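Let's start with one chain on its own, the form solved without the named molecule, as structure tokens.
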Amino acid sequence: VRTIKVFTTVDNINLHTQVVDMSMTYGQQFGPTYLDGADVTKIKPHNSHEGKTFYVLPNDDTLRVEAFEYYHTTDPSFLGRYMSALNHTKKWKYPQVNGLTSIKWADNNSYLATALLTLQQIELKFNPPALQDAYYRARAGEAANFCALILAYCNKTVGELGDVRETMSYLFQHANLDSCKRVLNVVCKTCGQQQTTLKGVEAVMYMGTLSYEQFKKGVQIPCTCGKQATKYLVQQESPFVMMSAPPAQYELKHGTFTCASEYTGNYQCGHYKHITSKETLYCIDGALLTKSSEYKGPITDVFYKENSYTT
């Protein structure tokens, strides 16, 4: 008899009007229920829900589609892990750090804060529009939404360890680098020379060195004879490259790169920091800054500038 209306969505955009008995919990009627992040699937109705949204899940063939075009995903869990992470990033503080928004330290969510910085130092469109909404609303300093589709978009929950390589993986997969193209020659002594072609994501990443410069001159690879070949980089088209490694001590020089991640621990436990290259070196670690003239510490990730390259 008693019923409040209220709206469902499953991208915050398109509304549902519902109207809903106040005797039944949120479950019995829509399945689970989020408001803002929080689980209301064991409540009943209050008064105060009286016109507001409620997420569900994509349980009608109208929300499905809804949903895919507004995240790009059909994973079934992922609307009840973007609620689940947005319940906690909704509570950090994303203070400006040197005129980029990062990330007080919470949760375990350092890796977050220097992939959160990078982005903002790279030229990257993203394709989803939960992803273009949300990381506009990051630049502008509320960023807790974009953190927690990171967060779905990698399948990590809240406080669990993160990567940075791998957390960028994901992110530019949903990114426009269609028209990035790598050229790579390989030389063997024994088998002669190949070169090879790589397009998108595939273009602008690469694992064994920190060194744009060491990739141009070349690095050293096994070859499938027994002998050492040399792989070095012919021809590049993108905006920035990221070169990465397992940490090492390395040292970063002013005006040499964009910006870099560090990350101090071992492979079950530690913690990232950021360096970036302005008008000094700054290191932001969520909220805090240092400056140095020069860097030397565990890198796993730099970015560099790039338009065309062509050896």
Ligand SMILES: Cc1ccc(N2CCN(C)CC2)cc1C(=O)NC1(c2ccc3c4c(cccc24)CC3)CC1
Second form
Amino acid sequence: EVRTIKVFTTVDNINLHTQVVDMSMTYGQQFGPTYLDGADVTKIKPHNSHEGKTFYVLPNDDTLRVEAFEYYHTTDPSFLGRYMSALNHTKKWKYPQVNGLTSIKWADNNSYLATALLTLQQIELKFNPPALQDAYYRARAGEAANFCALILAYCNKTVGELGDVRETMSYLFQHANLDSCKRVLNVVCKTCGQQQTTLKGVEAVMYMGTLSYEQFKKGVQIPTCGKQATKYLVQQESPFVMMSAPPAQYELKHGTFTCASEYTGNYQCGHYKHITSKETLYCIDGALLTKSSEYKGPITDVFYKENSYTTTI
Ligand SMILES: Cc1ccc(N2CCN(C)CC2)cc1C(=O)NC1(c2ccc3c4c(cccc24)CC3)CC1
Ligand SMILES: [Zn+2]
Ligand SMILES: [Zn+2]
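Given the form solved without the named molecule, state the structure of the form solved in complex with the named molecule.
And the full complex, kicking off with our chain again.
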């Protein structure tokens, strides 16, 4: 009447720790908060089928929170719980291959996640947290459920809430290795003069104003010095740039961009689709694929590939 089984506990699914569990007590009474493949089992009692299975638990000793910080690059005590709660849902999403890319069937307002996912497969990016590197590898392969859950946890967003593609990519770039990325800008006035600026990291591969890359290089008008100065790109060193602006009708031409985010609807309650440039223009809407030779639509982000740009101005 006091049976026991052997199981593994973990915080990272890479270091496993053998545990003997009393089948006469719940998991929470022995481990605290405890999860099996996302599902919360803190209040469940052991079952014969759990022998050998692996269980996530919360970092409750020093060894365990070293392993957790080293895999996730966060000390936030709630992070594991949110990741498990998210994963409990995303493991039931469907991740079809669509035009050679892993996508996500629409559920729970996950259009923005799909668009992020599709984009990440088209640009050169190296994540620092091993959790993101391993899940991304899995995602690329076709099984994105851990990756999607990790994004929600890194972003403090829950299943079913629509999020912002630009903001999500900004959170993720903040965990990617962009050290060697450099942008150089110049702002010129008719009255005042040249005021050069330099940026690095995620700020050198992002923008919030215009959706065109040529316009940025040519110049754009922006405000205290005088009135409406011009801002233009002097130098860019990075594998990609991301040009964003509030959604507006916009024409996309094959060969002149890598991919982009179409947004239809109102602020914070709309719908994203993902436009990619391959041999023709494709539109990937979760699990649905359409082709066109041209495109006119409400676009709010555009990714261009890059290596090194130097102005002639
Ligand atoms: C879908 C969504 C989810 C969450 C958010 N949160 C998250 C938290 N953040 C502090 C603020 C905004 C925005 C959008 C959104 O809809 N983002 C877009 C956007 C859509 C529509 C409009 C935008 C405007 C300015 C800027 C962005 C706009 C004016 C009208 C589609 C790109
Ligand atoms: Zn001025
Ligand atoms: Zn490149």
